[PDB]
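Given only the sequences and the hints, what does the whole structure look like? Please build it.
The chain contents come next:
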Amino acid sequence: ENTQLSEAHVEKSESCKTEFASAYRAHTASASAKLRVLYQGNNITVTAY
Amino acid sequence: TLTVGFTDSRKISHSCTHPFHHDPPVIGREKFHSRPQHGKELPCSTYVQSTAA
Amino acid sequence: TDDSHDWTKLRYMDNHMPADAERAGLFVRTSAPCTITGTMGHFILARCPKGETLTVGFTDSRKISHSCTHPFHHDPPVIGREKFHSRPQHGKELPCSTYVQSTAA
Amino acid sequence: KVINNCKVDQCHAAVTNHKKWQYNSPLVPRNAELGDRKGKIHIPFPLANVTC
Amino acid sequence: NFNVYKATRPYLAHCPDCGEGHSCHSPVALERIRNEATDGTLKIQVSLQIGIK
Amino acid sequence: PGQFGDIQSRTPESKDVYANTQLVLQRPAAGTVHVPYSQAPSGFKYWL
Ligand SMILES: *[C@@H]1O[C@H](CO)[C@@H](O[C@@H]2O[C@H](CO)[C@@H](O[C@@H]3O[C@H](CO)[C@@H](O)[C@H](O[C@H]4O[C@H](CO)[C@@H](O)[C@H](O)[C@@H]4O)[C@@H]3O)[C@H](O)[C@H]2NC(C)=O)[C@H](O)[C@H]1NC(C)=O
Ligand SMILES: *[C@@H]1O[C@H](CO[C@@H]2O[C@@H](C)[C@@H](O)[C@@H](O)[C@@H]2O)[C@@H](O[C@@H]2O[C@H](CO)[C@@H](O[C@@H]3O[C@H](CO)[C@@H](O)[C@H](O)[C@@H]3O)[C@H](O)[C@H]2NC(C)=O)[C@H](O)[C@H]1NC(C)=O
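Quick note, the sequences are listed as chains V, W, G, L, X and D, same order.
For the first sequence, position 20 matches number 118 in PDB author numbering, and the numbering has no gaps at all.
For the second sequence, position 14 matches number 123 in PDB author numbering, and the numbering has no gaps at all.
For the third sequence, position 10 matches number 67 in PDB author numbering, and the numbering has no gaps at all.
For the fourth sequence, position 10 matches number 224 in PDB author numbering, and the numbering has no gaps at all.
For the fifth sequence, position 30 matches number 34 in PDB author numbering, and the numbering has no gaps at all.
For the sixth sequence, position 31 matches number 227 in PDB author numbering, and the numbering has no gaps at all.
Among the hints, erroneous ones may be present.
Said to hold, decoys possible - Calculated pairs, DSSO-like style, for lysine-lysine (alpha carbon to alpha carbon, straight line, at most 27 Å):
| no. | chain 1 | residue 1 | chain 2 | residue 2 |
| --- | --- | --- | --- | --- |
| 1 | D | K211 | W | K140 |
| 2 | X | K47 | V | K110 |
| 3 | V | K110 | L | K252 |
| 4 | X | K47 | L | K254 |
| 5 | G | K149 | G | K107 |
| 6 | D | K241 | L | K252 |
Hints are computed from structural coordinates only; laboratory data are not their basis.
Here it is, written out as structure tokens:
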């Protein structure tokens with residue numbers, strides 16, 4: 099007539115701070131470019147969206 | 110399996126064995142068995158020696 | 058060697074004379090050390106991990122290690138429908154055959 | 215103590231005055247419906263973020 | 005710090021395999037085996053207290 | 197359970213945890229004090 103009470107639950111481990119996977123949604127992309135131009139014999143570098 | 114044990118004060122051995130599938134995940138694209146002299150570095154996670162709170 | 062009983066000692070033949078050696082030196086090994094569940098005279102009851110060779114050895118009075126190795130495919134048959142590697146805390150009980158630790162002729 | 219007209223089969227004994235507290239492992243029974251709490255231990259060797 | 009175990013004592017716990025294939029109440033018993041680290045390090049929790057006598 | 201996303205949270209520091217691991221408590225074995233359970237293993241590890 100003895101009884102045992104067993105209870106348990108699920109928590110996120112502390113390792114969730116370090117080892118985790120981030121599930122994201124993606125939207126339009128902000129394209130950027132780096133370009134080298136031979137301008138009058140000089141190498142110039144530009145960077146623009 | 111995983112067995113942890115020690116020696117008693119009365120010079121008797123105590124040990125406990127639990128079934129446990131231990132197989133480290135592959136870091137990178139090569140299944141190696143010991144870290145090499147020459148190679149590459151990749152991110153990973155470890156247990157540091159720190160005993161603080 | 059005096060024909061008396063002492064569970065902490067064993068006797069090995071050295072040249073033409075029986076000699077005495079410590080039992081704690083005795084070891085049984087397949088690929089990792091086996092756990093010797095019992096000893097009596099010529100017979101040793103042990104539990105061994107999976108392996109293909111089996112060696113038995115000890116240390117004699119002159120602190121010289123002796124050992125013997127035989128090829129022996131040790132692979133316990135699977136009891137039940139799951140190939141477990143250690144005794145579990147929770148589960149089922151099935152018939153099996155073992156060597157009871159009784160020396161009673 | 216000695217108790218007369220008794221058999222070892224029909225008595226129960228236990229140690230109750232516990233002067234130290236242990237981890238509430240799932241391998242020991244609980245004292246009551248609620249937990250005694252009353253101690254706390256930090257788990258060492260935190261996960262940290264390195265190169266292999 | 006090490007000063008946390010001031011009023012704590014180890015405990016005996018059930019162990020499914022005490023070395024001879026028979027379950028018994030051992031001074032050392034495995035509670036949880038954590039392998040979150042990706043380099044293979046294991047953090048084994050046992051009923052013993054190591055470093056404090 | 198057992199797949200990517202068995203346990204979820206909005207941000208790593210958030211305390212809101214959603215878990216569907218199919219955790220069923222089982223009867224303890226006779227003569228023992230353990231707490232057995234049948235739980236689907238971590239879906240994150242299986243994904244890894
Ligand atoms: C180990 O290294 C990894 C990568 O090298 C690193 O992963 C990063 O973890 C942080 C959590 O600390 C993630 O969040 C970042 O943290 C900064 C802290 O300055 C926050 O500003 C940001 O967090 C917010 O970002 C979300 C973006 O929308 C917010 O919505 C949300 O509310 C967050 O609070 C920032 O994102 C970071 O995203 C990851 N990096 C990647 C690539 O996943 C980790 O921190 C390092 N340390 C440990 C202990 O693991
Ligand atoms: C302007 O830049 C172009 C190319 O941009 C270059 O890109 C990298 C290679 C870096 O060197 C950057 O610093 C640099 O801006 C230059 O053209 C390239 O010049 C190099 C000179 O080192 C040429 O390499 C040579 O190649 C020959 C033949 O293979 C070898 O024998 C030499 O030993 C040397 O390696 C390279 O071929 C050339 N690439 C072309 C022409 O497509 C350019 O010189 C530079 N001009 C100025 C004024 O700065």
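How the hints compare with the structure:
1. About 37 Å separates the Cα atoms of D:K211 and W:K140, which puts this hinted pair outside 27 Å; it is violated.
2. Taking the CA atoms of X:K47 and V:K110, the gap is near 17 Å; set against the 27 Å cutoff, the hint holds.
3. Our distance criterion of 27 Å between C-alpha atoms is met by V:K110 and L:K252, whose separation comes to about 24 Å.
4. For the suggested pair X:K47 and L:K254, the alpha carbons sit about 19 Å apart, so the restraint of at most 27 Å is met.
5. Restraint check for G:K149 and G:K107: satisfied, since their Cα atoms lie roughly 23 Å apart, inside the 27 Å limit.
6. Distance hint between D:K241 and L:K252 is unfulfilled; the C-alpha atoms sit about 35 Å from each other, more than 27 Å.
In summary, the numbered hints that this structure violates are 1, 6.
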